[PDB]
Amino acid sequence: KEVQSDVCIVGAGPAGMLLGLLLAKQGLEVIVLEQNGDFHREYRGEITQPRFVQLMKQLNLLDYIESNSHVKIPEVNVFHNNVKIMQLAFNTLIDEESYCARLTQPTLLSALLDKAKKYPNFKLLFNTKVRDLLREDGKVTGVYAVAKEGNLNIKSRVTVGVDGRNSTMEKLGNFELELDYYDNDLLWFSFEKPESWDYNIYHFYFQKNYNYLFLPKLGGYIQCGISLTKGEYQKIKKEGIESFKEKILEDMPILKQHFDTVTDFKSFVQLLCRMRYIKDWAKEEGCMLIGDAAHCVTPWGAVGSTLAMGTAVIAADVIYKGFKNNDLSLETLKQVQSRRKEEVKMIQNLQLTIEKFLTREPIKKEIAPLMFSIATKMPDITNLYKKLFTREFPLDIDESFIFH
Amino acid sequence: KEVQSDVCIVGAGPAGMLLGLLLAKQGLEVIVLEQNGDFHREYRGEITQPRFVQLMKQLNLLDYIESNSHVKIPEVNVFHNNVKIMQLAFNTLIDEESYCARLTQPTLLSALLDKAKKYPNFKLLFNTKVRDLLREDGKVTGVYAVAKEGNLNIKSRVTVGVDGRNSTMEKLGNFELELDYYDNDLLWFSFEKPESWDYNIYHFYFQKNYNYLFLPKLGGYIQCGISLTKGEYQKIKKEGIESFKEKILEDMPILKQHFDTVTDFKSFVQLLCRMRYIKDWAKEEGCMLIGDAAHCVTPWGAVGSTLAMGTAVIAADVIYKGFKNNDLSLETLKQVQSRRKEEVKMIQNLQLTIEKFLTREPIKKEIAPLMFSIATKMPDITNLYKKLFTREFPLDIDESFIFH
Amino acid sequence: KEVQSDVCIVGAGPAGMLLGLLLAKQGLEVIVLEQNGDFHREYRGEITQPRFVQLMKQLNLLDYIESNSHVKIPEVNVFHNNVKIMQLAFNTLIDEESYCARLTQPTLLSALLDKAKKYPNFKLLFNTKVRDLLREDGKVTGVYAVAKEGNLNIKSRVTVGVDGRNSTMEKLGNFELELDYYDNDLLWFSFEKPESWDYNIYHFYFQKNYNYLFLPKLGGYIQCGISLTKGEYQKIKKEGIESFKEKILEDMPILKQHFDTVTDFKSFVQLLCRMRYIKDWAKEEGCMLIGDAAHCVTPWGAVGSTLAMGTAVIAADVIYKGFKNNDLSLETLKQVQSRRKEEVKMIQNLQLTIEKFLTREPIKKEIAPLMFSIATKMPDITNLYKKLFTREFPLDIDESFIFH
Ligand SMILES: Cc1cc2nc3c(=O)[nH]c(=O)nc-3n(C[C@H](O)[C@H](O)[C@H](O)COP(=O)(O)OP(=O)(O)OC[C@H]3O[C@@H](n4cnc5c(N)ncnc54)[C@H](O)[C@@H]3O)c2cc1C
Ligand SMILES: Cc1cc2nc3c(=O)[nH]c(=O)nc-3n(C[C@H](O)[C@H](O)[C@H](O)COP(=O)(O)OP(=O)(O)OC[C@H]3O[C@@H](n4cnc5c(N)ncnc54)[C@H](O)[C@@H]3O)c2cc1C
Ligand SMILES: Cc1cc2nc3c(=O)[nH]c(=O)nc-3n(C[C@H](O)[C@H](O)[C@H](O)COP(=O)(O)OP(=O)(O)OC[C@H]3O[C@@H](n4cnc5c(N)ncnc54)[C@H](O)[C@@H]3O)c2cc1C
Ligand SMILES: CCCCCC/C=C\CCCCCCCC(=O)O[C@H](COC(=O)CCCCCCC/C=C/CCCCCCCC)COP(=O)(O)OC[C@H](O)CO
Ligand SMILES: CCCCCC/C=C\CCCCCCCC(=O)O[C@H](COC(=O)CCCCCCC/C=C\CCCCCCCC)COP(=O)(O)OC[C@H](O)CO
Ligand SMILES: CCCCCC/C=C\CCCCCCCC(=O)O[C@H](COC(=O)CCCCCCC/C=C\CCCCCCCC)COP(=O)(O)OC[C@H](O)CO
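The listed protein sequences correspond, in order, to chains C, B and A.
Under the entry's author numbering, read the first sequence as residues 6 to 153, 167 to 422, first letter to last.
Under the entry's author numbering, read the second sequence as residues 6 to 153, 167 to 422, first letter to last.
Under the entry's author numbering, read the third sequence as residues 6 to 153, 167 to 422, first letter to last.
Just chain C, same shape as in the assembly:
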């Protein structure tokens, strides 16, 4: 059918969903579309940042978010050859409360949906794959989508895409990619937590054969990612499962119990560490790109979700200002990028610098952990930690967006 509204957010991710309710409490007609059936269809990570806590307290949602199931990671540890080389507790970064949080994306999305659906002007449609844009009169008037019931021409003055790195809307509008980075990947597998370890951990190991990352998998497990170069996993698959198991157990002898029942490669998940940046997030009238669709980043420090959420809150700010001033021009849509540009670019440069440490070249794989140990012992490093984990000042938002 034909339904008309004010804001159409393609994608029900953590960003759009946030952008879903921030406008919903402002009295705007909001429709949020997702192609999936729910938030459980795809696993998009669990670890968050102290920046997330900062934003939740800034929006006065910290207590409501904390009431759900979560785990507080107090610090991050880096080991070299099973010897600790760096330690950083998140509570020393800012005076207020700060901590990493194992908080599943489905649970946070469910909480946001529960809070948002109390507003009648909010409509969330699942199983709705957007097909194209109603680019009419030289501007984006709405979107043509298929609901699965029928075909919808859903019109809105603003159409915002948060479709993630695998965004179809990136090419529906002529959005030019000015940064496409893909150099490494991760091999994820979950194993039962050993009794010698803690559950609330955030660990990175430099070892002889591979580099490892250990995170608190939901349910009392430990979720470990092995860092590999792009195009190296199929070489390992050809080389044989036995060699991979031997090289892993030589590096991490405690994984022997889990690998005793491992005999093949299909228990691992290949995560592609992609990073992207759109040349201009808004270039037409009524269309703009925020979230992972525009500034997706690598999962080092768990900054991607918080970055998307901050960009979504800035976009809600700009959209509300445009509605109040009756000025939703494209130059108003440039404001979102002009405000998030410094944060996003600084974060992306930090991620590039961190990814430089993951080199697996003959001499560089051996000099990287020592380089990391030198870098973490500089007196400046603390500031860098803040640049990577906290927002120095809260995002300038109107007091109307604060929840009570």
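Everything hinted at is true.
For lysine-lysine, the following DSS-like pairs were computed, each having C-alpha atoms within a straight-line distance of at most 27 Å:
#1 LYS405(A) x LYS382(B)
#2 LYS248(B) x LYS395(C)
#3 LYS405(B) x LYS89(B)
Partial selection, computed: residues in chain A whose CB lies under 8 Å from chain C:
#4 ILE381
#5 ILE392
#6 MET396
#7 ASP398
I should point out that these hints are in silico values taken from the structure, not numbers from a laboratory.
Backbone N, C-alpha and C define an ideal beta-carbon position, used for all residues, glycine too.
Given chain C, work out where chains B and A with the ligands should sit, using these hints.
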């Protein structure tokens, strides 16, 4: 009065001058405006790069330029506490001709002008500072300038600004700065060459107090740049000339003879190591920013002039193609940036990495040279050399640009 | 025959000898057996630590030992390509007197023997090589040895093995060895001291071909050790003496006068840099392994003798406590290991980290020296110096062990 041409180039530096004649030999009408009375008025540099040799040989200009006054520099040396830690002969980078050169901008510009003025369709005006842009019918039509003898209203299909880092057309057209970096400065002074030293040198020194750069100043002298942090030269002036002289002679005792007659700071010249990148070099029809006005860089590797010249060559190719096809809109003008983007950005990122070694912070200052040594002993380092000093492939340009 | 006492110490090296007299003044019955004829038979080193001085002045023995012949080494220097990269004066590590000391093991052992022989309950037998343990009634009750006159069945409640790395009692009791490290060796030779050098030196040199160590050999000479990889010595011997001499003199031209008279490999002495750690030093009643037989280490920093002496002091404390308490079970003998474990493991890990600098691999050999320079320029290097050279707190022992 009323002067009508095809191309109007504001700026007669090495880039525009090249763009001045590359189109001039194509048969187009070219007018080049310069505020200075000659090329000798400002000192704009001496050192070139093997990229310059590659570009000259590609255009079949190498013999003509090499017939002038130049000094071939075969290698760059780096020292730590007066002990060499790095060496690189340029002839090993590529199989063709590869060498740095001492070549003053005035003589290169004089050679280019001598070649260009033989074409009747090329005109050059000196002491003609551009004031306004003749923006009419929603597009840039020409420039209003003052010649010192009258007020000229020059009309041309293409108006190209190569004004340099201190560009007046940078704001006449609303051009945005995507990057603006300024972290260090160079204190330049020339001293007579000691008999122990060679003339065709390119030397860098990590010393106790200051880092030094030595280049062959024209006339049998040696020009030295002392690297300082931004805003630190005033502190040095306050502290006194005697302390500065003592710390300089402690680092480099060979400078004693020159400093025997230095009693004040009015002989050193301060250079601001600014690096800039324009968001989009073409944003209006009939106007464009290329060269140092768009992608000015730091003087680490002598890449600035060659980069500007390559941008000018690509711009000449694009402009000639557009004139041939009778299509000089904004879309075709936006091709120069797309064709120079990756090279310019890679060079700027390498410059940022190199400038990271110039830190004067308490702890980082003493380990920075050693880091540099570790950098120069990597197996990959030679590729980096090829990325910094040479061009992998010649510029994709039409055959009529080759001189005979 | 039949000899019955309290303590039987197999081995009369610096550790056991110390524990030989510490218990002797407690009134216990002690026999110390040594297979050698005297303390001059085997060269066991000359360099001590400030830790040794701390231990000697803790027992009120510093003035007695210092009355002998010794050379005070005030500092340790590290050079790279004949240029000093590190300096450390030991007196800045603790407020008390702190220095290294060239003190020949025969001299210290003779002083300890002279102090101990005044006690009639102390008996030392040279040329009495132990052969077996009298393990009876499910526990060790003594030793069967041969004195060169007769066969001695020595009976003692406590039997302590300090036989060293070549321990013959290491396998008499099934002592599990949980760390067997051997990666490098040292080629030792003594040469006449040049007048340009100081005698009391502790010098390390990173050079082009080999790494060198210079110590004050007794008699006004200089003891030099060339660091080599395991098994490389016989490759050098096959390659020829002349090539070895040329590569040595290229690295250290000051050695030309000594190497003018060198024409064979029979002047150098090969020392194997082994480092062992027994899993548990006490596993049954009436037997124990301490000292070099338990925690042998590499000779970097001169830590082995002081570590063995400290272990012997702790073992004497535990043995006296058990004898006074009348409790000499396995669980009270485990106290020595439980108390020395942290110190010994910290020292051994530091030795591993130091030995990592002695790599001779193609590219790693060149970045190792200036990797050493970086680590010595860290803000926390002084804590590492204190941990590697000094003891933070004195060993907790009774006043009865203090000499008067
Ligand atoms: C496999 C994986 C693992 C990750 N792990 C972590 C981690 O451990 N820690 C961390 O901090 N971050 C992690 N991330 C990143 C994190 O998920 C993102 O930063 C976050 O999702 C940002 O929100 P978003 O809405 O922009 O992205 P997404 O939530 O991924 O946006 C995509 C959403 O839009 C919908 N959609 C897409 N296209 C369409 C369309 N055409 N029509 C309709 N709906 C559409 C999808 O159904 C989905 O709901 C991970 C991401 C992935 C892909
Ligand atoms: C002190 C100094 C030293 C340098 N040393 C080196 C070096 O050793 N090596 C190296 O590789 N690079 C060096 N450079 C950089 C190098 O000079 C530039 O990168 C290069 O000239 C770029 O070419 P261009 O024509 O775009 O710039 P420019 O040479 O600056 O060209 C701009 C010209 O246009 C004129 N102009 C500006 N505005 C107007 C206007 N409104 N109307 C009319 N004319 C106008 C200017 O007067 C100037 O003549 C140095 C620069 C400086 C300032
Ligand atoms: C060549 C060399 C150079 C060294 N240089 C230094 C140095 O510069 N600085 C430093 O701090 N350390 C040095 N050391 C190490 C130092 O000698 C030992 O760490 C130290 O002696 C430890 O004390 P210990 O008595 O347990 O060892 P040792 O003195 O080696 O113990 C062996 C003793 O036990 C006796 N013994 C062994 N087996 C039997 C048996 N079956 N029956 C009877 N007696 C037996 C031997 O006769 C000898 O007296 C060096 C060692 C060597 C081999
Ligand atoms: C080399 C033979 C010995 C020569 C010395 C002779 C006798 C005595 C002097 C002993 C000095 C030994 C210095 C050891 C330095 C060292 O590695 O210690 C470290 C130094 O601290 C650092 O982490 C600083 C940077 C460390 C750099 C890596 C050092 C270990 C690596 C060795 C390999 C070197 C060759 C290169 C191989 C790899 C190339 C591909 C201890 O660190 P920590 O975490 O315990 O504490 C921090 C510290 O206090 C600084 O803040
Ligand atoms: C490797 C993955 C990391 C695993 C844990 C991830 C999760 C949490 C931990 C987060 C902490 C990460 C911080 C690492 C330190 C770091 O990036 O430092 C850097 C230090 O400075 C830099 O810019 C370093 C440049 C990039 C270094 C690349 C690493 C080189 C390693 C191996 C390849 C060897 C080839 C080079 C050898 C030559 C040496 C120079 C941050 O720089 P900055 O300018 O942003 O800030 C500087 C700072 O404030 C003080 O200098
Ligand atoms: C220093 C001023 C310039 C002096 C030279 C003058 C003229 C010409 C010579 C130019 C030679 C420049 C080469 C410098 C090395 C360099 O850029 O390498 C780098 C090597 O890798 C890096 O990114 C190194 C990190 C950047 C430098 C960090 C700053 C180090 C100094 C001080 C801060 C110390 C704390 C931070 C430590 C970080 C761990 C390394 C470029 O990386 P890449 O991936 O592009 O290339 C890899 C390469 O093949 C391996 O090295």
